[PDB]
Amino acid sequence: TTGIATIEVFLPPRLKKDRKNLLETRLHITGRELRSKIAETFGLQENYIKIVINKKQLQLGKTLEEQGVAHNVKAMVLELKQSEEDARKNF
Amino acid sequence: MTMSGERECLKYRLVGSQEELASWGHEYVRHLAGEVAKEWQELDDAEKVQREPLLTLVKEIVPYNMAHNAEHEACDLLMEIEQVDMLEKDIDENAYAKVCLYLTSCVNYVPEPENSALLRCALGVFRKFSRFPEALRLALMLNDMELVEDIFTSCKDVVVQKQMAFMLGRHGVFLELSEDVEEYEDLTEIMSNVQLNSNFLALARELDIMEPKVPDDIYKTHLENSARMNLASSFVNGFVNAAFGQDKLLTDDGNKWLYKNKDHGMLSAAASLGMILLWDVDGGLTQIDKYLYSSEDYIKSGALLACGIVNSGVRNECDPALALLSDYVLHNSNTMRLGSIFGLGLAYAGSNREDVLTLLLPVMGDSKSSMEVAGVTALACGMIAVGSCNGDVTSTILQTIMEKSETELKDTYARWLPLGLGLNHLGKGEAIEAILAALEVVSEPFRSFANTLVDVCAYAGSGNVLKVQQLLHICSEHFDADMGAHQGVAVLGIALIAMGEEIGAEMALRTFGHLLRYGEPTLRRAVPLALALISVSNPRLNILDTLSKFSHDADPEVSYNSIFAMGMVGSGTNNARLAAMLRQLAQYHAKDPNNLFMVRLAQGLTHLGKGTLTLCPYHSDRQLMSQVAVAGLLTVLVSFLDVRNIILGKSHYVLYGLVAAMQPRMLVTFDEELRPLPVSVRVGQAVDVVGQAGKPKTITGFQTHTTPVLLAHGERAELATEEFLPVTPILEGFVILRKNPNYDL
Amino acid sequence: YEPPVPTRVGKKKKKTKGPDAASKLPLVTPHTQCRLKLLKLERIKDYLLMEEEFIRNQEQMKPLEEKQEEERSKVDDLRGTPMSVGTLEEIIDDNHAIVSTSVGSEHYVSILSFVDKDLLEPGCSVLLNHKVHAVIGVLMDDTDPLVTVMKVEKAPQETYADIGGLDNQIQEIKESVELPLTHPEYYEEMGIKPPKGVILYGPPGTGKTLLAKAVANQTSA
Amino acid sequence: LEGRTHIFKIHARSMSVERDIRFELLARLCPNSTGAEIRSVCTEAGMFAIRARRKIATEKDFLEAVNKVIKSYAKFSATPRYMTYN
Amino acid sequence: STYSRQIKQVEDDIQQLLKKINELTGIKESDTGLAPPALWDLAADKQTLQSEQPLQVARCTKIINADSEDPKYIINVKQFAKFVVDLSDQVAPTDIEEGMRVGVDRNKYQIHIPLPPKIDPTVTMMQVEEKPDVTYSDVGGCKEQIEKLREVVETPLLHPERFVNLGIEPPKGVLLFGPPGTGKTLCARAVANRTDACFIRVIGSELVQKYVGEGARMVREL
Ligand SMILES: Nc1ncnc2c1ncn2[C@@H]1O[C@H](COP(=O)(O)OP(=O)(O)OP(=O)(O)O)[C@@H](O)[C@H]1O
Ligand SMILES: Nc1ncnc2c1ncn2[C@@H]1O[C@H](COP(=O)(O)OP(=O)(O)OP(=O)(O)O)[C@@H](O)[C@H]1O
Ligand SMILES: [Mg+2]
Ligand SMILES: [Mg+2]
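Residue numbers (the working numbering), protein chains in the order written: chain A, 6 to 96; chain B, 490 to 1234; chain C, 563 to 783; chain D, 3 to 88; chain E, 46 to 267.
For the record, the hints were derived by calculation from the structure and aren't laboratory data.
Relax, there's no trap hidden among the hints.
Facing chain B, according to a computed beta carbon distance under 10 Å, are these residues of chain C, among others:
hint, residue
1, 565
2, 568
3, 599
4, 611
5, 621
6, 623
Under the rule of at most 35 Å between Cα atoms (straight-line distance), these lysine-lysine pairs were calculated in the DSBU-like manner:
hint, chain 1, residue 1, chain 2, residue 2
7, E, 176, B, 1080
8, C, 575, E, 217
9, E, 193, B, 709
10, B, 1038, C, 586
All C-beta atoms, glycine included, are put in the ideal place defined by N, C-alpha and C.
Throw the hints in and build the complete structure from the sequences for me.
What follows is the structure, encoded as structure tokens:
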């Protein structure tokens, strides 16, 4: 409805929150904005999270509709150790 | 009654007085009832006008037999005349448990089509008497997905349904419920085993064995008077700390250890990291990401395989593993694929999900796909669609097989293609003749290998003495290797079929002795694997002594295979006696790098999960067979027919197929709200209680423990007190306890 | 040079003695003459037919040298005659051991394959080849004269009915030497091992030895 | 007293005892008793119930067991003489 | 009872089958200590009876001219005789020391293999090979006692690294004393079950022997 999709996300058990939590956002935004806002909505650090959408890793550059997202889609938050650039820079 | 009584004893009773049958004596009707079945076989189709009084007697003989506790005789009357349909109408509350227990014990020896008929009839008694949890067990044995739906939704006791969802999750059978069903959320969580990691970790804290174990603590070299060595300890570290999430060697800064291995040694070492994180999809994926960006090709794909391990045995509502592995199944580098398909197979083994299979299918037909990944593709898609008879995976497996040239069929990575075909028809039985028809076109000796593998997998866990008749006929003709490649599967076939029940299984050991004696090297190179399959995670002394004698065999392959089987037989049992033999075997085989690698492998499997994990495919009192577990069991053991080139070679990652069979030996009593509820329980060796009436004890030589205890092979569990009423009579896995109203009256 | 490393754990013989050996047929349950017992017995019969057919086929095309009567006939040739009786001193390896002849001389000999390796313990009587002294068998030690003296071959004719007045005394001794053997289920369901030891004390002639005679009369041990 | 209660629980772990067996009371009824006596008390407690054809041992059986073992068999007790040696 | 007739028919056929199976399989008898025929490597035994020659157990006494290239070894062949022999070509000169048991041939008595020292079979049986079924959880009221016992006899073997680093020499002996039935042997049985090193059980009455110097001798070989 009205350009907003029902995105159900999953939280790791370390953050003892309601695993059946709901995130609401537009679809014109890209994965970069999506990744940032999930960290805020459930009290998480954005630098160390990976996101799984529509059974495929959340590509940050491409926008949501061109990613392949849809209504009533399921998501997950993946806790990260060492940043994506930090892990590459590590060795 | 005194003489033979052929068509006489029934005749005078049939024609004479038709009063109450028991008025002439219990011994008379017992004679009369037997003759009823005798002439029933003699009576043909045209003699249907002769059975009118015959049906009347059985409507009175059956009530008489159950009146004087002679119930096992009653079930016998309907079985011979093939009229077991009418038994359920006359079953009473005081004797429902005896008839089903008797009939269910009979389904392992009666052949088709009476297998299902006796199973459905026993199912009918449970359904009528509102014993849903045991009715679901019979449905699972029947592999009737529609019945599983009907059994699940018919129950209105959600507490029973919550406990039922555990059994489906333990078997790996997933059920897609409707949102209209009450308590939909927790029901999907219970069967998906998402809470398995936390529940498994809860026991580890309770059983104060959370501390990590270094392979040195397992080797114990201080009591003893290389790339392969480092790779061996990678498996030992993974096996011992499996599904724990903590380790002193890889959970710490493991780059020094991870790079200590070389060539494909780093492939399994990186993959071993996910085995410590087995069932921990959320926290486990948090640790692999560091090794996922490694520039070295082996580490990334080894991690890519470590993806599939971390979701293995767990079903996520949206899958993480497919996201991490979808874009690497068609990578140009063969190693990167190798960690993709094999990982993808373990993550969704026993799913029959179309999205992964369609993503995994074109890999097998890829031109750049080597035989190594092509066989891995067969192993994976066979594992996803195990026991489903999915024609789509079936079509390509044939399609790849006969397209290949005769020369490359000599390669032992092509042996995995029939295994994928066999796994896809695992346990179906009579559903392979159409497939066996297609296999005649394939050339020899692979056709001899191919048809044997699928035919064995068709009758897995069936006990069909007719099917094992032909396999020994293959074992009878000995070839003076190349022509006798299929001979190994034939020996492995006896284990796969006879494993269903105990009586069939230990006949196989006697035959397995002669094959190790009269058989050719290639014939006797597969007997230890059959021992491992027939008694996985069941460390009996007869097999272990048998495997010990051929540990130091003249034939090197029998030597490696026996040592692996010894650890495989005692997989996760933490046997103190068996570990001493391996430690002694380590000293003896210290100067043999090939033999010593199996020795270290067996020590890790012996201490798998620190004694809290099993690889046995049978749970629910060893009556219900897990298709996923055999798929990993078959994948490793069939690959061990070429231990020199696959295990000892560059494809030792196939040992991670055992993850699909890794499950906890669990007895956790949960409250109705699913919180832990520790109570006193009695754990002891299981006792057969068929026959003898009254109340016979089902456990002998038992001890009383708190519930969070580990049950190895062959021990049952009974509640010591009557304060709580279990939902399932089978006290295995996760069990929900209900407070007894009679208690504290 | 390096010392040989045994593959067998320990230096003692197998604890199990006098088993059914290859005739350890399974305990088919229940004993009642019904269909599944017939079904269970048929499965045992079926695999024997499979076993019988397979073994016959192998021996049919086995070489004339390799036959069941030929190999046993050969075994005597490797053993030879006479078969010297020695004493096992130490098990150096799986196929190597130190044995001592009756003359007190020790020899480092090789243990042949056909010898029952599970019966080998130091101090046991072994059968050695006359020429090469190789271990070619284990002599089942005859019953010691000391064994015969302790063992009561024939149960005494004194029964519990021949004991008068010791009702409580008879009852207590049964729960420690008779009831555990005849009815072990009572103890198992109760979760207690039977009373370990018992002593009978009192004035001379009170019936202490008589109760043991009654115990020995009605015992299967 | 704490140790004797612990030994009672170890030996009465597999017993089919009642719900309300006062093992702390039983430990108090045998002040200076070896762990072997406590095992016999547990074994004799189930013996009084097996004698009575009862599948569950009540607290009275343990009370009778202490009298039979700790008290009646105190004549043959090795404790009084051996504490002087130790 | 309707299957009583059919039971005995298949039971007798079965019993005839095992008797028939044992005919071809073999394994009948065992009084001469014969292993089952499935383990008969008669081809290797014939080669073993020829390739591997028997060796007489002898004890080296004195090495003459060990420095030079012609070292002569004086051996004591038990009750047979004494010989001055040289080493075989397949054994290093440094592998045979004075006073050690050796294996010598019957032709030239040249030392062929060094041997383990002679140990009384009674002393050998004194080592535990089956661990008892008693754990530390089966001992109650002996908490402080058990930690002291483990930290001397169990901890140093299990985790020796925590003692060498601090220069610690752990105690090498524990005396358990108390009235009978207090748990002295029970705790020792728990030690043997948990220990992974070799455990030898010695009973003081086993060290009492008929002849003079045996008990000291058995302690020496122990
Ligand atoms: N209570 C009894 N009832 C029947 N016969 C008895 C009884 N007490 C003793 N006797 C008889 O006395 C005979 C000899 O006594 P017995 O050998 O049993 O003595 P004991 O009590 O063992 O004493 P001890 O060995 O100190 O002399 C027995 O053979 C038995 O026939
Ligand atoms: N602390 C204890 N906890 C539990 N059971 C015990 C304890 N102490 C003794 N027992 C029990 O009592 C029995 C007495 O045998 P044990 O070997 O312990 O005696 P002991 O101290 O060696 O005596 P003795 O001085 O006569 O040799 C044990 O087998 C055990 O069942
Ligand atoms: Mg007397
Ligand atoms: Mg003692």
